Amino acid sequence: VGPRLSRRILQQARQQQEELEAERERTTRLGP
Amino acid sequence: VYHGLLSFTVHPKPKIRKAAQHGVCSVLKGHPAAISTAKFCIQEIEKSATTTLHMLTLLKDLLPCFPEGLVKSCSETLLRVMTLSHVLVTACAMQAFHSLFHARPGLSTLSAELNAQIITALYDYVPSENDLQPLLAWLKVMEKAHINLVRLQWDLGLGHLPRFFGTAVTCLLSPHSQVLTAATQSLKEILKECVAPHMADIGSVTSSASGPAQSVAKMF
Amino acid sequence: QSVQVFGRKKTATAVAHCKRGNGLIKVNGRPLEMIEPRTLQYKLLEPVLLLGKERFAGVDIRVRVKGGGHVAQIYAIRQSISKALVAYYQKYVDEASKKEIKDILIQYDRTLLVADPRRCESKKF
RNA sequence: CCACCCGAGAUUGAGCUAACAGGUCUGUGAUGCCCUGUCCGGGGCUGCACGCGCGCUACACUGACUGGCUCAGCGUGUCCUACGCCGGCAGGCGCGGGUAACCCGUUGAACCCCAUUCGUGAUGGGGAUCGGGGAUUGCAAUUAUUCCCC
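Protein chains in written order, with PDB author numbering: chain w, 50 to 72, 83 to 91; chain K, 237 to 266, 278 to 295, 301 to 472; chain Q, 8 to 132.
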């Protein structure tokens, strides 16, 4: 395929996987 | 007189601040005065943007000479300004935790159970993926915090390892080269120092380990 | 379990994700019949009409496209939909079904499985 | 590179330093030829009958106007810009990000696609040439710097 097209394919194929796995306030205190 | 020396640290003139910054370090490292000066440090952060940079520089090399309760209070206070998205205060506070762990404090200064609360708290930042300025410093302290936690209690040390190696493998995908070099340099120094001498006490591990050997299953 | 493929045109790159389902096809979150150039609607529906509505009933495909243009994306969408099914029928259905899909899908139009190796030519001094 | 086994021999003697088509630095020939400017203001730098060449916009219905929908890549920069408020537009005021696969930027590009009006009419095609006003950069806009409205 080549360097430029494959870079966009791999980046796009990764981002479709993440929105399958996807389907608060930070802990300011450390001792409960 | 100690409070007279200390109250000039917030001074706007840099020369007056620079000597007072160096003066406080030499007095404490050379302690009953440690408790009061930390109480000054916490209240000054709560009062306030430019002065906080000088105070985090004060807290940079003054965390190691603190007792447990004040480290626990400081660990909150350094973590409060993390909620602010300002970058220079974030980097100094990130580097402040570095000087805490790089000194490798004793059991009276830093307890073993305190470090577990710190590392579990720091997991909530992971800045985005690819900014390279704090992310090198972020995984520098997670190296330094874990290597210190292992030295105190080793079998708990393997307990917290798999989650860090979850992000460390994941953060290899950042497009910056210096992320890649710093990441594996962190990971190799954990393995050469926290796992290699303590491997013999673990013994042989199967696929159905239960104790700390199960951590080694999660490493690989 | 699922299968993750790609199909391409000049710059319009597609990725397709196919798994068990009831037969819904989505592109960028939109159905296959709402993709904007409605003149070339049949190019999107060729791998569905050639194979039949029954053959796609055991699979749900979700396609993402980025780059290229309006008709370059349609040629990449129809490639990765058909290429996702021939990969899914290979790994989880017997090869006899995969051979007969790959047979009738090449004799119609060779660009549904093998890509077009045409790209813009550069200029030199 | 150093030490060593075997091996006659893991190096002993005869010849070669040299140079400046880059030049420089002011030393010499009563050396060969041949002669005895600085600052400041204003103007125009293609003003246009014509000959010869690039280009842009068009002559419309495979089209123009109005609305809606929907897709790039090479690059870019401390000058690219995000966001909020004001004006109808050019344009103002404030506050942030980015020395940069980090912000601009999921680079929301134009033809294209779908609806509306127009109906062969130098016409809602075409926009020159003009009149009046507004805004911006500049020491300065006159012979229209540039942009916007009628």
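Calculated from the structure, these hints are not laboratory results. For each residue, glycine too, the CB sits at the ideal point set by N, CA and C. Incorrect hints may appear among the rest.
[Stated by the list, open to error] So, partial list: chain w residues that the calculated Cβ filter (under 8 Å) puts toward chain K:
| id | residue |
| --- | --- |
| 1 | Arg56 |
| 2 | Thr86 |
| 3 | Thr87 |
[Said to hold, decoys possible] Short derived list, chain Q residues pointing at chain w, Cβ under 7 Å:
| id | residue |
| --- | --- |
| 4 | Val10 |
| 5 | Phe13 |
| 6 | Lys73 |
| 7 | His77 |
Compare the structure with the hints numbered earlier in the document and write down the numbers of the violated ones, lowest to highest.
-> 1, 4 and 7
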